[PDB]
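K.L.:
For reference, the chains in residue letters:
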Amino acid sequence: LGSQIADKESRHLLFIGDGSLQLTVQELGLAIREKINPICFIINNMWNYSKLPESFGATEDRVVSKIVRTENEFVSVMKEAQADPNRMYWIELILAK
Amino acid sequence: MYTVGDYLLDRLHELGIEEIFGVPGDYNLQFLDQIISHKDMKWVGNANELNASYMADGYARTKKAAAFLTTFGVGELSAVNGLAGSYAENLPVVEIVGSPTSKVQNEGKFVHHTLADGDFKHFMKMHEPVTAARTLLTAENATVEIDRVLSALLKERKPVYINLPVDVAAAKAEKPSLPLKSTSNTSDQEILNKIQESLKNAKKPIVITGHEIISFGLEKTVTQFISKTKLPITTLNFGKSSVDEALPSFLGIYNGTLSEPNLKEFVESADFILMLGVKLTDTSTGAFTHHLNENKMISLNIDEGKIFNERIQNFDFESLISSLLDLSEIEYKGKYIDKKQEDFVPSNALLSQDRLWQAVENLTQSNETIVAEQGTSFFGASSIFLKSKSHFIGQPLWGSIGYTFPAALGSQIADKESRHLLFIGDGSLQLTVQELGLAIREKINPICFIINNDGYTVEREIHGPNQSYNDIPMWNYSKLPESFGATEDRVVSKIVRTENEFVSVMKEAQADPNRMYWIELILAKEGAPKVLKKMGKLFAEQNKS
Amino acid sequence: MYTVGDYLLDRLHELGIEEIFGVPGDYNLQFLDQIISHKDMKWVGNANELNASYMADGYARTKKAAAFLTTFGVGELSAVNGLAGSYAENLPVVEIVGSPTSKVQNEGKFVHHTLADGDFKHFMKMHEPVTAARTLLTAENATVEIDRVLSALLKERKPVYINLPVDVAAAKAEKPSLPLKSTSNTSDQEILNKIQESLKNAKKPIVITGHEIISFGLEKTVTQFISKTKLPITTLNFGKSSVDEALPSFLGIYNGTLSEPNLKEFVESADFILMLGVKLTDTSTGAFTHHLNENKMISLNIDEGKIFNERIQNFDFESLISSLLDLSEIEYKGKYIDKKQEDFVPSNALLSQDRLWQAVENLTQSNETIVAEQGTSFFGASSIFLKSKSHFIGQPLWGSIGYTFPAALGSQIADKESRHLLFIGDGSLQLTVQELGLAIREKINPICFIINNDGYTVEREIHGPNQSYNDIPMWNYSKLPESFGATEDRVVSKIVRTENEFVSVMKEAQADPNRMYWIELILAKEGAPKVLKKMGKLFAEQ
Ligand SMILES: Cc1ncc(C[n+]2csc(CCOP(=O)(O)OP(=O)(O)O)c2C)c(N)n1
Ligand SMILES: Cc1ncc(C[n+]2csc(CCOP(=O)(O)OP(=O)(O)O)c2C)c(N)n1
Ligand SMILES: [Mg+2]
Ligand SMILES: [Mg+2]
Numbered sequence: 412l413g414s415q416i417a418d419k420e421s422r423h424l425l426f427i428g429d430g431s432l433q434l435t436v437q438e439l440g441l442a443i444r445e446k447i448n449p450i451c452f453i454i455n456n477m478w479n480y481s482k483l484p485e486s487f488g489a490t491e492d493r494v495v496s497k498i499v500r501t502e503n504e505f506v507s508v509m510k511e512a513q514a515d516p517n518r519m520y521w522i523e524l525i526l527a528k
Numbered sequence: 001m002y003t004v005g006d007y008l009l010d011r012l013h014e015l016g017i018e019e020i021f022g023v024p025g026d027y028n029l030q031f032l033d034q035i036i037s038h039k040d041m042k043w044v045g046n047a048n049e050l051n052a053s054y055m056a057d058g059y060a061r062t063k064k065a066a067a068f069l070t071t072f073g074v075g076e077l078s079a080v081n082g083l084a085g086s087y088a089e090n091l092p093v094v095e096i097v098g099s100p101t102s103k104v105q106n107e108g109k110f111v112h113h114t115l116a117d118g119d120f121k122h123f124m125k126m127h128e129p130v131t132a133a134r135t136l137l138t139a140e141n142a143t144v145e146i147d148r149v150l151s152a153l154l155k156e157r158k159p160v161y162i163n164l165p166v167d168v169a170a171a172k173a174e175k176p177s178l179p180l181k185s186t187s188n189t190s191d192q193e194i195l196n197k198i199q200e201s202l203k204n205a206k207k208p209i210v211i212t213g214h215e216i217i218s219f220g221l222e223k224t225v226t227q228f229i230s231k232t233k234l235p236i237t238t239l240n241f242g243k244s245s246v247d248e249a250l251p252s253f254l255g256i257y258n259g260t261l262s263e264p265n266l267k268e269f270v271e272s273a274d275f276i277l278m279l280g281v282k283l284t285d286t287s288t289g290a291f292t293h294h295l296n297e298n299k300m301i302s303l304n305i306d307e308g309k310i311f312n313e314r315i316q317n318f319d320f321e322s323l324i325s326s327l328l329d330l331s332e333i334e335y336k337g338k339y340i341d342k343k344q345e346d347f348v349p350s351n352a353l354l355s356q357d358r359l360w361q362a363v364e365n366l367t368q369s370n371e372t373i374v375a376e377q378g379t380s381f382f383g384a385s386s387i388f389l390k391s392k393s394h395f396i397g398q399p400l401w402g403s404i405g406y407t408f409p410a411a412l413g414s415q416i417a418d419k420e421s422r423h424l425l426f427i428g429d430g431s432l433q434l435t436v437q438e439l440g441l442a443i444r445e446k447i448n449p450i451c452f453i454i455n456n457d458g459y460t461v462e463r464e465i466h467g468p469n470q471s472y473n474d475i476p477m478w479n480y481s482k483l484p485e486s487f488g489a490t491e492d493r494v495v496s497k498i499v500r501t502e503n504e505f506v507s508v509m510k511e512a513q514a515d516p517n518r519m520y521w522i523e524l525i526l527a528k529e530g531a532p533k534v535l536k537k538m539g540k541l542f543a544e545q546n547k548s
Numbered sequence: 001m002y003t004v005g006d007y008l009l010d011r012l013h014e015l016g017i018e019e020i021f022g023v024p025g026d027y028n029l030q031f032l033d034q035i036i037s038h039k040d041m042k043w044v045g046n047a048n049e050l051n052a053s054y055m056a057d058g059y060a061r062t063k064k065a066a067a068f069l070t071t072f073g074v075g076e077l078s079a080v081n082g083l084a085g086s087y088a089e090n091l092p093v094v095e096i097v098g099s100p101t102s103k104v105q106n107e108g109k110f111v112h113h114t115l116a117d118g119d120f121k122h123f124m125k126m127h128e129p130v131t132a133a134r135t136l137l138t139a140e141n142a143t144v145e146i147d148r149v150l151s152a153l154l155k156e157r158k159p160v161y162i163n164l165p166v167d168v169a170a171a172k173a174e175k176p177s178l179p180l181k185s186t187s188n189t190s191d192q193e194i195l196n197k198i199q200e201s202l203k204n205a206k207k208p209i210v211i212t213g214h215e216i217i218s219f220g221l222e223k224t225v226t227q228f229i230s231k232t233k234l235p236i237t238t239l240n241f242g243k244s245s246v247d248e249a250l251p252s253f254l255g256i257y258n259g260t261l262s263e264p265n266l267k268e269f270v271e272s273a274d275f276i277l278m279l280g281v282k283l284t285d286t287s288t289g290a291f292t293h294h295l296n297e298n299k300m301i302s303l304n305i306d307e308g309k310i311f312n313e314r315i316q317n318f319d320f321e322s323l324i325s326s327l328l329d330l331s332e333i334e335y336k337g338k339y340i341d342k343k344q345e346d347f348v349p350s351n352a353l354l355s356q357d358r359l360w361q362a363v364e365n366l367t368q369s370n371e372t373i374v375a376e377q378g379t380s381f382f383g384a385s386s387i388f389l390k391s392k393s394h395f396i397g398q399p400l401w402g403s404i405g406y407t408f409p410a411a412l413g414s415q416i417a418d419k420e421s422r423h424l425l426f427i428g429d430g431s432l433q434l435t436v437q438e439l440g441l442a443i444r445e446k447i448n449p450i451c452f453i454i455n456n457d458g459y460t461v462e463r464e465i466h467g468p469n470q471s472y473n474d475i476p477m478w479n480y481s482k483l484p485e486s487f488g489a490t491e492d493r494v495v496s497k498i499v500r501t502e503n504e505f506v507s508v509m510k511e512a513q514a515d516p517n518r519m520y521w522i523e524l525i526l527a528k529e530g531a532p533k534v535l536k537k538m539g540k541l542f543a544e545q
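Chains as they are written, first to last, in PDB author numbering: chain D, 412 to 456, 477 to 528; chain A, 1 to 181, 185 to 548; chain B, 1 to 181, 185 to 545.
Derived by calculation from the structure, the hints in this document are not laboratory data. Be a bit skeptical, because a hint or two may be false.
[Claimed, not checked] Mimicking SDA-like on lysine to any residue, the simulated pairs with C-alpha atoms at most 25 Å apart in a straight line are:
hint, chain 1, residue 1, chain 2, residue 2
1, A, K231, D, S496
2, B, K223, B, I333
3, B, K446, A, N469
So here's chain D without its partners, still in its complex pose:
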């Protein structure tokens, strides 16, 4: 988030595990307030993080929430996210095996 604020011109892509995100998740508040637009991928594997932005008061005009399970879904959401520089993306990846 800090880095993203440091350079608005560089689109940040975050890859964090659900376990770790829990430790600092509260900064989701700041993300919403500061209207910054990173692409956050939260890899699964204990709470239901998908609907976290909504809890922190974000609307679909601010944060877009996704769940990805397949390859097609992944490709689609990646392109969709990169295509939209004006919103933050909150993407839950479910990895196989």
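Fit chains A and B with the ligands to the supplied structure of chain D, relying on the hints for placement.
P.N.:
This is chains A and B with the ligands only, laid out in the frame that chain D set:
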């Protein structure tokens, strides 16, 4: 000791100028020494002054300020045409003119580079209609005058002229403490609200940006404005790249009835038009076949602007544009046009005009500057959609052929990180070819395409297709670098006839950032881009006896 | 139909103009057709407008009138420097500028080649200080205006400017019946007598002629004047060849204290000076070290004159000179100085500057024109004695480098019977090289010497000998014709390093009148003519 020369150069540094172009003469030597000694400034000497002025122009386009040095009389009058073109298209170029010692000027002697009438004031007078400010420096007025004219450059971004007598350059002065350069008593605030109110209300708005945006280096501002709002945007070819064409709300180039139908219909059916830094010229409006209803339009320019046919006098162009970012609750929720872009599949077919530009569009990459000379090149190239973070240089208002060669080189020097692609016709290259020397010396690496169609095709399309005045001597263009002293480790020379060859050489060139490419394209004389088939008939119609 | 365009061209024919130079543009295309149609006029299109203007200048020098065509804005402003130089050295050049239709100009449209301010009058205004007359033609005023400005050209032999809108060129007009264009007479008669009386009395007179003689094509008059009288004569370098240098009473070039001592002493000890068409400039008077006492001098110029420090305003320059033939009983019985004609003996020694010009002087032939660019070339070449019926082109007042290349070509076209020898430096050739194309197309046969001394030597001699701004990118000059599409049956390329090589190539070139010669001379960067060793120190002083 610190001198007037030093002062001028430090001031030029503050404008962001890192290279000065031009040609030595006896009356500008010595100041030339001062340029050398300044470590933050590099001398890039041209073959001729006209080329220098064109090169400074191109430099200004990219660096956002430029300067070149000539010698009194022969130098300045050689460059006047390029300076004229810098005035016409509004580029911030300083011309420095080294002149004889004030002792000689006052004694009114018949010295070289004069009319032997002892008058030293003719040439500055001749520069009146093509400069925003001019000055003949004295030891006394120097600092004031330098600051006056450089301020005017900042204000208007039009070229300015400084006559620097030998002895005046060597005269004492103190380092500048205060920097160079209100709100129009915030009369800009009313305008912003009217723009904002109009934009909130519009069911289908169009932003049209133009050359003046480039003049002030506001491209990134505009791009960021369009990005957040998602407002539909088009540019004229006079100001191509005043926005990032890769944005999803960029429609293409609006050029009167020569526009692609969908864009034409979008623009001309809009309920609100916001024109920023635009001038409607014959070549940029499809021979004045534009339909931009003034009653639903707010236009802003450097000098003036209009709110729904009501002229405003009093505002600050630069910050007014900048303020567009602080508008709010602007978001376009409508559709655009079908930006369906296809893929080029080459064959062994000989290279045609339309196919060339199709290939160029498909093969162009990001972080590139595209320079196109008047003629087939401009007509074809200007219609291309650029990749992200790309730039375009064309001169469709002033329209001086030969320009793009030096200009390309200047621009390339201005930003080493942006790969320049030059498209110049055989006819035009002949005007300014000598700068090939500089290209080799400066070890810059542009990709030059020379369109050899055995003459002035655009002229052949306007009038006299078969007349001898449209033929030019046929040089062997590919063998030019060798003549000018280039080796294969500096310049790569090709001749291209087919589509496959073209694709291959394009990729090969873009793949090698460390060498300049000199590519001779063989197109037919009869061959012209679709756009020009029409526009040539329209030029003839303008010039009907 | 007969048109305004036709009128202009017929008028131009009467001035003796047989070729028109320039560069096409949309606003001059239709008139360009008219040039083609006229069988008595040939279009010779250049690469750029500046080159065109230089080429028209050179043409004027020889043909005694010239014209070139440009397009509004971009064309005319490119050429302005060359036109300026035509004003400065007083050459009769017509610039025709094709402009948009009067309909477009009146509606004040933002059309190409304008500042998008709807003003069509800027560029003509910019031409004010470097033209003797200008006009923006209309359908109504055309014939009158063409005649007005072409008359001014005849009067002053300075360049003139005609703005020709597309539609105005196509507008109906009648063929001219009267030819193109006196007052002062009693003061002409007085002057002639004063000249004649002074000449009969002088125990040691000197005639000094200058550029204005060339301007009016009075060279033959002057030569015939000097021949009958046997009067001592010298020219400045500003007007070299205003007399036949082969005459026995021609002393050499007077150039202040840089003059050869004997000439210097002759001129400056004269008891009577007759200066015709002369202007004293820094470069033509050895940095103003001339000593021409005004009290023993009658000077005549186009614009004004002096009889022993008494200004005249009222006279006709041309016929006043012509009248010098109708004097009587003038015959000089005194001595001259000394023409130490010594054959050049070449060795395998590398080519030096002083040796070059010695060789050129010895090897030059009759019926030749010598063109020399500012720099080592001008300094060396201007001091040469030309052979009989020879000519010289140099531009020491305006002093625009690059000039001599196009100018040489124009002059060569002007008189196919005079073999041109061009001496241009590497530095200068870079400005105007593109005209090599035209040279090949027009199948003209000049002998071009390129003095490759690896930069601007003259600048190196004034200031900053080792500075980077005095270096130029080094081209392979000999390989230039090939690049521009010449074959060996059109252009012969040489590289010369030694004296023997030079002599050989000179003779070989002069022996072959059917091909152009492209000769690259290798001189050292430090090497400069004796004249320049001094004159360079004096430029620095200024
Ligand atoms: C149009 C123009 N630009 C610049 C100058 C300044 N200038 C005068 S002589 C000269 C050097 C030319 O050198 P070159 O042609 O190599 O001759 P060299 O003295 O080396 O034989 C220069 C740059 C000028 N006189 N005219
Ligand atoms: C300085 C200048 N001189 C003349 C013109 C007139 N003019 C405009 S385009 C053109 C022909 C360009 O021919 P070329 O570069 O060969 O283009 P192409 O054949 O690719 O159309 C001419 C002569 C001009 N615009 N600018
Ligand atoms: Mg072409
Ligand atoms: Mg040289």
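K.L.:
Now tell me if each hint is right for this structure.
P.N.:
So, going through the hints one by one against the coordinates:
Distance check on the hinted pair: A/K231 and D/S496 sit about 20 Å apart at the alpha-carbon level, within 25 Å; holds. Restraint check: the Cα-Cα separation between B/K223 and B/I333 comes to about 18 Å, which is no more than 25 Å; the hinted pair holds. At most 25 Å may separate the alpha-carbon atoms for a hinted pair to count; B/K446 and A/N469 meet this at roughly 22 Å.
In this structure, none of the earlier numbered hints is contradicted; all agree with it.
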